[PDB]
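Asks: Sequences are here, hints too, so could you generate the full structure?
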Amino acid sequence: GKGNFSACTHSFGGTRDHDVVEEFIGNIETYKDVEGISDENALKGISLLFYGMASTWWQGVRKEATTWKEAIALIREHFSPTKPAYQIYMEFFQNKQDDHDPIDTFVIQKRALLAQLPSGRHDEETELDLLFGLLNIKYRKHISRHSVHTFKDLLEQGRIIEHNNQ
Amino acid sequence: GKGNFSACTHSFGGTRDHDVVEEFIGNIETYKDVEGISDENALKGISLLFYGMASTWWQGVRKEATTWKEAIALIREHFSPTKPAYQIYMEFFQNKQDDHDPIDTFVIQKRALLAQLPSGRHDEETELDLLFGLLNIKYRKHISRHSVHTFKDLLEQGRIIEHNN
Amino acid sequence: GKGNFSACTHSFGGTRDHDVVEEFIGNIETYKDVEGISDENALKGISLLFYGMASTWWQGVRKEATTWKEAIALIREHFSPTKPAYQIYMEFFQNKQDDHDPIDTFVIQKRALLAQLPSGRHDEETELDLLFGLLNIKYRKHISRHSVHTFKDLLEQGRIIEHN
Amino acid sequence: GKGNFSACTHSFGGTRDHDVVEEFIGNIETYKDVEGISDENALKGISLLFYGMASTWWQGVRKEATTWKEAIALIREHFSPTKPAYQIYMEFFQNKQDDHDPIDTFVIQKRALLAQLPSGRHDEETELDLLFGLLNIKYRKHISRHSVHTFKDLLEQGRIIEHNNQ
Amino acid sequence: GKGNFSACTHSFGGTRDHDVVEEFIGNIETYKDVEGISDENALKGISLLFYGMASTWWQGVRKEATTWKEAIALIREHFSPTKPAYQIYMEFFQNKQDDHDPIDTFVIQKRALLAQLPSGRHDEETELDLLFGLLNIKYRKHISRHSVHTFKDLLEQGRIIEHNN
Amino acid sequence: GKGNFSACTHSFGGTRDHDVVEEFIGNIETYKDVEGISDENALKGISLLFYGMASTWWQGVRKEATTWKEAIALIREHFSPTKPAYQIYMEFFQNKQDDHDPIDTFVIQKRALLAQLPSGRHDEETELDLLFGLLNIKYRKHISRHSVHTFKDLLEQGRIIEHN
Amino acid sequence: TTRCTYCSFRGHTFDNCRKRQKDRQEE
Amino acid sequence: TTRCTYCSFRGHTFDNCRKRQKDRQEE
Ligand SMILES: [Zn+2]
Ligand SMILES: [Zn+2]
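Protein chains in written order, with the deposited numbering: chain D, 41 to 206; chain C, 41 to 205; chain B, 41 to 204; chain D', 41 to 206; chain C', 41 to 205; chain B', 41 to 204; chain E, 224 to 250; chain E', 224 to 250. A prime marks a further copy of an entry chain.
Rather than coming from a laboratory, the hints here were simulated on the basis of the structure.
Every residue gets a Cβ at the ideal spot worked out from N, C-alpha and C, and that includes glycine.
Any given hint could turn out to be false.
Within a straight-line C-alpha distance of at most 25 angstroms, the following computed SDA-like cross-link-like pairs (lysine to any residue) qualify [claimed, not checked]:
| # | chain 1 | residue 1 | chain 2 | residue 2 |
| --- | --- | --- | --- | --- |
| 1 | D' | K123 | D' | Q206 |
| 2 | B' | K42 | D | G76 |
| 3 | D' | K192 | D' | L170 |
| 4 | D' | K109 | B | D57 |
| 5 | D' | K103 | B | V188 |
| 6 | C | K103 | D | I201 |
| 7 | C | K150 | C | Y179 |
| 8 | D' | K103 | B | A47 |
| 9 | B' | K123 | C' | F191 |
| 10 | D' | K84 | B | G76 |
| 11 | B' | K123 | B' | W98 |
| 12 | C | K150 | B | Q127 |
| 13 | D' | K192 | D' | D144 |
| 14 | C' | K84 | D' | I201 |
| 15 | D | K72 | C | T49 |
| 16 | C | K103 | C | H118 |
| 17 | C' | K42 | D' | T70 |
| 18 | B | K123 | C | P142 |
| 19 | C | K123 | C | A82 |
| 20 | D' | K192 | D' | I143 |
| 21 | D' | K178 | D' | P121 |
| 22 | E | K245 | B | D79 |
| 23 | C | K150 | C | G160 |
| 24 | D | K136 | D | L175 |
| 25 | D' | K192 | C' | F133 |
| 26 | D | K84 | B' | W98 |
| 27 | C | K192 | C | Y179 |
| 28 | C' | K192 | C' | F133 |
Cβ-to-Cβ under 8 angstroms is the rule here; a few derived chain C residues that face chain B [as the list claims (entries may be wrong)]:
| # | residue |
| --- | --- |
| 29 | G66 |
| 30 | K72 |
| 31 | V74 |
| 32 | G76 |
| 33 | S78 |
| 34 | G85 |
| 35 | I148 |
Replies: Spelled out as structure tokens, the structure:
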């Protein structure tokens with residue numbers, strides 16, 4: 041299954057946010073792994089994925105690279121610093137649950153913010169312990185910490201306690 | 041024997057209902073069967089379909105999946121709860137038919153709401169006996185309960201009573 | 041062949057009339073026969089065509105369907121009631137053709153509506169004798185019932201009289 | 041190159057004009073000749089090209105046909121009579137050229153109306169003779185019948201006489 | 041090795057110019073070269089592209105064609121006349137440049153209008169000598185005719201005279 | 041391979057700036073090199089990319105082009121004039137960076153604009169000494185010219201000072 | 224330039240488009 | 224039902240469409 045980058049529909053501009061750079065790097069890497077392009081052939085044709093605001097920057101620093109990993113690391117370094125751990129822990133305990141959001145959206149967002157720490161440092165139990173201190177008073181007064189036995193149960197008891205009109 | 045999902049027009053933003061999740065899962069299945077993509081080469085590309093809240097949700101739970109079957113099971117499990125027994129019975133007796141509604145739509149809705157109970161729990165006779173007690177007065181003054189059996193006849197008597205009026 | 045309905049453009053709603061349901065069933069059958077799909081494989085894919093109210097109706101009665109024949113039988117029986125004779129006789133003889141309607145459009149509808157009666161109860165002669173009582177004064181003054189015999193010559197004489 | 045009618049995008053309704061029926065029959069015949077479908081296989085699947093207003097008519101007269109030519113002739117007979125010659129000759133001499141249209145559009149329309157007569161009954165010279173009696177006075181007073189030598193010349197002299205601002 | 045033109049987005053309604061006919065003929069050529077359709081199998085399908093006046097025109101002249109080459113020649117011949125010699129020279133001297141127009145657009149237009157004469161009839165020197173006598177007073181008061189040769193220099197002197205002002 | 045430009049999405053108008061023409065020429069060259077099109081075959085298809093005023097310009101000078109190299113040479117020479125030095129020196133030192141512009145955006149533009157001078161006339165030291173005279177008061181109070189040496193450390197110290 | 228309003232293709236105008244005129248659209 | 228206003232496909236809404244959001248459109 042020979043191929044190259046010519047057909048790809050993804051592209052990246054000069055935006056200086058974080059989510060855009062992360063989604064772009066992830067999509068490009070998954071495409072390169074799925075279509076079977078060679079590990080070195082891709083570097084010779086990467087220039088077809090840049091707008092008019094970043095092409096000058098790529099022209100300015102082409103020679104400070106030799107293999108694909110260095111180029112991806114260089115993009116990440118210049119356009120958006122990676123988050124260190126302490127800022128993640130700081131963000132997790134800031135905004136406590138409001139008085140209107142359903143439990144499902146809260147659990148989804150908190151789980152989405154907790155996967156960015158290095159893998160294997162936290163198994164299921166301590167994660168459930170960290171999450172349990174911020175729930176709003178409507179749920180804490182019925183369900184307790186005696187019986188949770190992982191996440192799948194907490195959503196179930198929360199849904200049954202939510203259908204009952206509080 | 042290879043390809044991405046990038047060509048599709050379907051996307052699932054996340055809403056707690058049944059018809060939307062069912063139609064989306066069916067369209068994705070037909071697409072994967074038609075373009076020939078294989079099972080383990082297909083899971084890697086699944087991320088391109090989700091958007092909005094569904095993207096954050098898939099970013100959450102990802103290490104619990106391993107093959108295509110687990111992914112469909114997780115989507116169906118988290119985005120369309122199975123209603124327990126008693127709520128269906130409670131929903132069933134809280135909505136009598138109005139004066140302005142043909143027999144067909146009413147019987148079709150009340151039948152569609154009854155198939156979610158566990159299979160084999162009911163007989164055609166007991167179900168039809170349950171269906172009465174809600175029909176509006178315009179139809180109950182003619183057809184009698186001991187002159188009908190299967191569902192094929194109630195629609196017939198209702199149509200003849202409707203056309204005369 | 042490509043044993044699935046995935047390429048089809050046909051669809052069906054909740055409408056209640058003989059013509060739409062008839063053309064729908066005929067198109068699905070001819071598509072099943074021309075492209076070589078297997079007799080049994082089609083049933084798993086039938087659910088992809090319905091939309092709106094029809095999807096709820098199909099959710100209501102999946103348990104009874106088994107093979108390919110009974111599904112079309114269920115469609116025709118729940119959306120195609122065998123109208124009893126007297127309503128058909130009343131619906132015919134209503135709405136005499138107006139001055140503007142051409143002879144061909146009027147003849148094709150009145151013959152399509154006369155096929156729902158039980159089979160074999162009428163020959164061509166009595167059928168044409170029934171039809172020859174609603175044409176306007178314009179077409180009737182020239183042709184006369186003794187002239188035309190079969191059910192085809194009336195179209196020819198009507199076309200030649202309608203040319204002017 | 042096996043195939044059938046399933047993929048065709050052409051279709052026909054119940055309209056009772058003439059140009060629609062002619063264009064439809066021509067497109068369907070050219071498609072059947074180009075894609076190589078068998079001469080009898082097409083008749084078994086012709087029903088996929090009709091709307092809801094003509095499908096009842098096709099259901100009503102299916103049995104009075106046996107081969108493809110009879111079916112096309114039957115469609116032409118029921119939905120739109122073919123034009124006999126005398127009406128064509130009558131239409132040709134009705135509306136003389138106006139006082140504003142350029143010569144090109146007039147020659148194009150008159151040539152379009154003259155190809156429907158049976159082929160080989162009229163060669164180039166008599167056709168040029170028939171066309172020449174209806175031109176507006178602006179052109180008849182310069183170019184004459186002495187030199188025409190077929191159509192390509194008449195358009196040329198007319199264009200040079202038209203660029204000169206009359 | 042077979043297929044119809046039905047998939048295309050191009051259509052030619054008939055207008056007496058040059059750019060439209062050229063772009064349309066080029067797009068049709070690239071399409072036929074890309075999808076692999078052969079020459080004699082392609083002429084039969086050509087009717088689907090035309091619409092409006094072009095359809096009646098193709099219905100007119102059809103027996104004079106036999107292969108693809110004759111069809112392109114007929115379209116080019118009937119829908120884009122070749123202008124004779126004298127009209128180009130007349131058009132060329134009836135439009136002096138205005139005060140508000142950069143040198144580049146003017147030189148590009150006047151050069152584009154001169155290539156329709158038969159090839160080999162002119163020298164670079166005589167053409168550049170013809171080009172003067174129309175430049176507006178803002179530029180003729182500095183650059184002198186005996187200080188320029190090829191077209192590469194006139195643009196240079198015009199740019200330096202423009203940036204100073 | 042598919043020896044034609046038919047699949048390309050790139051286009052070019054009549055704009056006059058270094059960046060657009062540069063990115064256009066670079067994209068066309070990389071596309072010509074990656075997909076294996078022959079060195080000579082591309083020239084016949086080059087006309088399908090231009091639009092608007094550029095098409096008229098290409099109509100004006102077809103006679104001079106011959107092979108693949110001279111076409112890009114003509115584009116760069118008619119749309120890419122080699123700016124003389126003094127205008128570049130005047131354009132630099134104009135528009136001192138404002139309070140809002142981040143250090144990375146400002147550094148990349150000022151270095152991209154300094155490459156048009158004739159090659160080899162300046163080493164890294166004098167270049168950095170020229171650049172270090174337009175930064176705002178905010179970044180200058182902490183770092184000092186004796187500290188930074190090469191052209192890379194300034195970005196690091198600026199980022200750490202910009203984090204707060 | 225003049226991108227077809229309906230099909231979003233740069234090849235023609237609103238009045239005439241294959242999807243809109245035929246292909247049993249306009250229902 | 225709710226045919227996508229731009230791409231003319233029955234699969235989503237105006238706000239989010241592959242051609243309009245990205246694919247270097249909105250020029
Ligand atoms: Zn369009
Ligand atoms: Zn869309």
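Asks: Hint by hint, which ones does this structure get wrong, listed from lowest number up?
Replies: Of the numbered hints, 1, 4, 6, 8, 12, 14, 19, 21, 22, 25, 26, 30, 32, 33, 34 do not hold.
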